[PDB]
Amino acid sequence: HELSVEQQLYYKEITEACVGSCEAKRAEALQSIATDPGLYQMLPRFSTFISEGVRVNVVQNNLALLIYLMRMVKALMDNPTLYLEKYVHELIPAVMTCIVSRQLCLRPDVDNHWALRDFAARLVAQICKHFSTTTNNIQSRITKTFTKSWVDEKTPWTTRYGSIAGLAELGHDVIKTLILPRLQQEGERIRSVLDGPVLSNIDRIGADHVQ
Amino acid sequence: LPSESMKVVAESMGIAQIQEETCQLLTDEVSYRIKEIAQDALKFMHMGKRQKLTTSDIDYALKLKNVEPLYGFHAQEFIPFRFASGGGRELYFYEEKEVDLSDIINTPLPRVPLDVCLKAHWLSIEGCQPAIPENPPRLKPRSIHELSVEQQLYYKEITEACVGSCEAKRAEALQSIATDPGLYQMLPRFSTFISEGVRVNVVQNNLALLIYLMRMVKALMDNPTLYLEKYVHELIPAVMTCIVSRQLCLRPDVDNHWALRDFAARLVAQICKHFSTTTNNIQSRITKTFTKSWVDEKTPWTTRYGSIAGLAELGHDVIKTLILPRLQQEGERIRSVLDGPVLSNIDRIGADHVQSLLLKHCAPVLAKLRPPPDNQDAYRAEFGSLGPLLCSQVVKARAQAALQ
Amino acid sequence: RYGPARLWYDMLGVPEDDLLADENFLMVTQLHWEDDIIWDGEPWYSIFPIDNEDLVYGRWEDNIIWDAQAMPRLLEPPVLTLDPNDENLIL
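Heads up: the protein sequence lines correspond to chains f, F and A, in order. Counting the first sequence from 1 gives a position; PDB author numbering is that position plus 213. Taken in order, the second sequence gives residues 14 to 150, 207 to 473; the numbers are from PDB author numbering. Taken in order, the third sequence gives residues 342 to 358, 395 to 419, 463 to 511; the numbers are from PDB author numbering.
If you're looking for bench data, these hints aren't it; they were derived computationally from the structure. One thing to keep in mind: the hints can contain errors.
For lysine-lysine, the following DSS-like pairs were computed, each having C-alpha atoms within a straight-line distance of at most 30 Å [said to hold, decoys possible]:
| id | chain 1 | residue 1 | chain 2 | residue 2 |
| --- | --- | --- | --- | --- |
| 1 | f | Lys299 | F | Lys209 |
| 2 | F | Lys361 | f | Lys342 |
| 3 | F | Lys62 | F | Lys76 |
Computed footprint of chain A on chain F, listed as stretches where at least three residues anywhere in the stretch have a Cβ under 8 Å from a Cβ of chain A [stated by the list, open to error]:
| id | segment |
| --- | --- |
| 4 | 267-273 |
| 5 | 287-301 |
| 6 | 308-314 |
| 7 | 344-357 |
Here a beta-carbon is modelled for each residue, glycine too, at the ideal position from N, C-alpha and C.
All chains, full assembly: derive it from the sequences and hints.
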């Protein structure tokens with residue numbers, strides 16, 4: 214059960230290489246995670262590390278460490294040898310938290326939370342292309358969460374951006390039958406874009422990003 | 014009862030100039046007798062165990078109150094018509110009130126139903142109700214599969230019988246699929262076995278393997294108990310693929326056995342077209358794929374024939390609105406195959422089958438919307454494909470209509 | 342505290358110890410299975469595979485953290501459970 218010292222040292226070096234001291238060690242660590250044959254028996258530790266690290270964003274709204282954890286998940290998906298079917302229930306809400314949460318930034322105006330949005334949306338489209346089975350109902354549940362987050366009013370422009378980004382990365386028929394009925398909502402958006410009176414708030418950049 | 018109605022009855026009898034107190038005196042007496050009988054006809058309904066209050070309950074409730082269940086006629090003599098009833102009068106509010114006396118003779122009499130028989134079954138087996146068709150129905210622990218070993222053995226026997234080594238085994242297994250009530254909660258494993266099978270069974274075009282799987286799909290569909298449209302999305306490609314794909318085996322011979330596949334397959338797809346229907350998802354999606362299969366340039370004569378068949382049984386209006394502007398293209402394709410001159414490729418066989426099917430559909434499409442006048446050379450305005458033979462097919466259809 | 346995720350615990354410093398109808402979302406009405414159509418090819465032990473009971477049955481959607489501040493269910497530290505159903509694990 215307990216990790217042997219070899220893989221305990223490998224877990225320590227690989228996790229501390231993806232915290233942000235330098236970029237080259239990070240790229241070699243992600244190319245290790247993506248291309249090693251025997252990393253099972255260390256998959257639950259990586260899933261726990263990733264899910265708790267995405268949770269620790271609520272205490273410290275670090276965009277950079279969330280980008281690093283999403284590149285860790287994207288590297289874990291590209292491994293041919295390890296099967297993430299038993300641990301996908303932990304990685305789905307972490308990527309979902311990176312998509313539909315509202316404060317992804319420390320300084321909301323200048324931080325491009327927007328990219329961790331479309332990167333994690335592409336990630337969740339891949340995670341429900343490779344793993345959705347009719348016993349799983351992964352894709353239908355994910356579309357239902359995105360849909361009731363988008364159709365429901367009072368939602369911030371960041372979380373609406375995340376919902377639209379995930380729904381539009383799922384495919385063409387999803388945007389036919391989810392996005393296109395609420396195109397009139399664009400008028401409700403352009404209510405707050407072409408027409409003021411307040412202009413110096415942070416709703417305008419998020420609204421025309423959504424647009 | 015409305016007093017106005019009693020006045021209408023009184024003045025239509027010869028009793029004119031009746032007072033309102035005279036008329037109110039009639040409608041509380043007869044409304045009591047209706048209430049006295051309907052309370053007394055509910056005794057025969059509760060002693061019938063039927064909770065229905067049939068038309069015969071009032072016949073016995075009237076006889077109980079010493080009134081003749083004579084309806085529409087009253088015999089002051091009584092001797093010929095005693096308290097035996099005549100079953101009432103089959104009359105309506107929206108009736109015609111005049112019929113021809115030979116219309117009632119020439120209509121066929123209804124079928125006398127089956128006589129009463131006594132069948133026994135089991136409501137309960139030592140406390141548990143069986144699911145027969147006569148009844149309404207730190208280390209984490211080592212989990213168990215959601216199927217029983219009798220159910221898993223049943224799945225193995227049904228799947229090894231449905232690959233058609235013996236025909237009687239297949240036919241029972243197909244009837245077992247068609248009417249097992251407990252075949253839900255095994256249906257993911259059947260849908261996955263079908264889907265996965267066709268895709269690794271078109272790698273080498275094994276026609277029986279496919280004809281057996283299409284019959285398994287048809288046996289899955291007509292089962293009334295199971296809920297299929299959760300597996301409908303998985304089902305649509307497998308049934309559709311057998312009909313229009315290329316054949317890796319021999320296209321020229323088992324051509325017909327492949328068209329027989331396309332038939333039992335058009336059955337599952339037709340079920341998909343008629344059932345499971347919501348707005349603009351299933352029928353329009355397969356219609357769009359069939360049309361872009363048709364408008365496809367240099368399409369395989371096997372894929373072409375299959376897609377032609379698939380667009381053909383889309384019903385009455387679909388051939389009325391789709392096959393119309395395309396006759397010239399069909400004729401040009403037939404002319405190219407004819408030019409050849411090489412007959413080595415399956416192209417000539419594909420062309421003959423496509424032309425015959427298109428000509429039969431065009432025949433009723435014509436018999437259906439237009440009179441059968443000028444059936445000799447007017448079809449030469451439509452490139453002269455079926456012409457007088459099409460006219461003969463229309464005449465045969467008219468003869469069938471006359472027989473009906 | 343000392344198990345997998347100890348690094349996170351130490352960094353934190355904690356020391357104790395109608396369009397919503399179900400059919401719309403069925404993947405027959407949301408998928409392009411028209412590509413799956415292939416045109417031209419070119463038991464004393466259960467035989468069927470056993471799936472993760474937690475994925476198949478559990479509601480992993482209670483762990484989705486929709487709002488960090490207003491999170492409806494208080495979450496707790498998770499202990500390593502070492503499922504033995506999975507092969508490739510010595511114990």
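Verification of the hints:
no. : hint                : result
1   : f/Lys299 x F/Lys209 : holds, 13 Å
2   : F/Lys361 x f/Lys342 : holds, 26 Å
3   : F/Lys62 x F/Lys76   : holds, 20 Å
4   : 267-273             : holds (count 4)
5   : 287-301             : holds (count 3)
6   : 308-314             : holds (count 4)
7   : 344-357             : holds (count 6)
Comparing the model with each earlier hint shows no violations; every hint is respected.
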